[PDB]
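Shown next as structure tokens: one chain only, the form solved without its partner chain.
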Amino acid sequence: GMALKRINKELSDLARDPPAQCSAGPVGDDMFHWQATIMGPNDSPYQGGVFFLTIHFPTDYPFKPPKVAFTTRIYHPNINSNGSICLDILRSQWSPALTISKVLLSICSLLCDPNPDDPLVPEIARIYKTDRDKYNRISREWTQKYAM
């Protein structure tokens, strides 16, 4: 019952100090499944887009990281077509000091500053590294098609 209690605490804190753009919480009786939304960051190719994510807390959260994946298609070196995310805090650098909130904001920093040297989609990493304007254009094209 430890996991459920921490999931309720994060929901309380989030509800009481709401972010202005992103959001997350339960969408049903099952507290271990959350939906989250982030806005494509202003000043990025993702601007105006709304990206949905699905979160599954494990039964020994917060000592193991939540499973977080996009359900909205997105063009990015570190996010693949199944929506899996390469972000170290979701893997090796997870800590119980971290929260869904800081995970979302971190994903936003990832969107604004990709890590092409550790990619999930090699072709997108290539384009990001060699032609940023093209990368930005395609990123914007996919935002308009899939996230708006």
Second form
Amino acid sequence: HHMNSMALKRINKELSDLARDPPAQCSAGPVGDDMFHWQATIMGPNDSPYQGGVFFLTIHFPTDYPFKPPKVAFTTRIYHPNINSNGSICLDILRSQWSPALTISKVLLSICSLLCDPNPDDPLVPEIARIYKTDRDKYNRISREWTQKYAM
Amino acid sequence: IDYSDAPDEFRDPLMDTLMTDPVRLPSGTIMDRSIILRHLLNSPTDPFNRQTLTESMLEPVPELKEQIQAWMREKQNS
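Show the other one: the form deposited with its partner chain bound, since we just had the form solved without its partner chain.
And the full complex, kicking off with our chain again.
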């Protein structure tokens, strides 16, 4: 389609702009050959319990990109109230709140600034959300316990 | 053959294509009518300030168009 070649042309620039400018602790590239399929990596913020661990993501670009938000989620297990066993992430930016002006580079940051501060009033994993609220020490400990065995 | 090479500016803010019918959103942002129109099918909002936006609110920008056309004409020699 024409809306295909276009979406692609955009995707390309985004990638060229992550070379002329890599986001903080964030890295992303096409899974080779396929352009609408990227993997991302995150170095676990130093203001988080995930400090040290490397977390992999998969980015699947809609053919209607950037008019429709890119599907993205973790492959690496991670202890967080807004990320579940599947790998799903809870960002409005990635649902009804996505603007065509938004870019991958931007999204990764939005994700990092989430690993540092989670939103527990709208949680993907209630059990954890309650631990964050009630007993932080617990949370941080556990988050690291997972970052330890899963992300390293 | 042909290509661009286009001096930004002419280029669309979103897709970075060459424009063929520049319009200015209330935002003050200049977009190619074709691109912006496609956005308005999903959500009636400026893709930047996220304010409400309809076709009606799109004012054409001829000054730029001629600038582009003339440019395309110059890119027909040598």
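Throughout, rigid core stands for the largest set of C-alpha atoms superposing within 1.5 Å between the two forms. Only residues modelled in both forms are compared. Positions refer to the first chain, counted from 1.
Remark: with the core as the superposition reference, the CA shift of residue 23 between these two forms stays below 2 Å. When the rigid core is fitted, residue 43 shows a C-alpha shift of 2.2 Å between these two forms.
When the core is overlaid, the C-alpha of residue 92 ends up 1.2 Å from its other position between these two forms. In sequence order, there is one run of three or more residues whose C-alphas all shift by 2 angstroms or more between these two forms, with the rigid core superposed, and it is 18 to 21.
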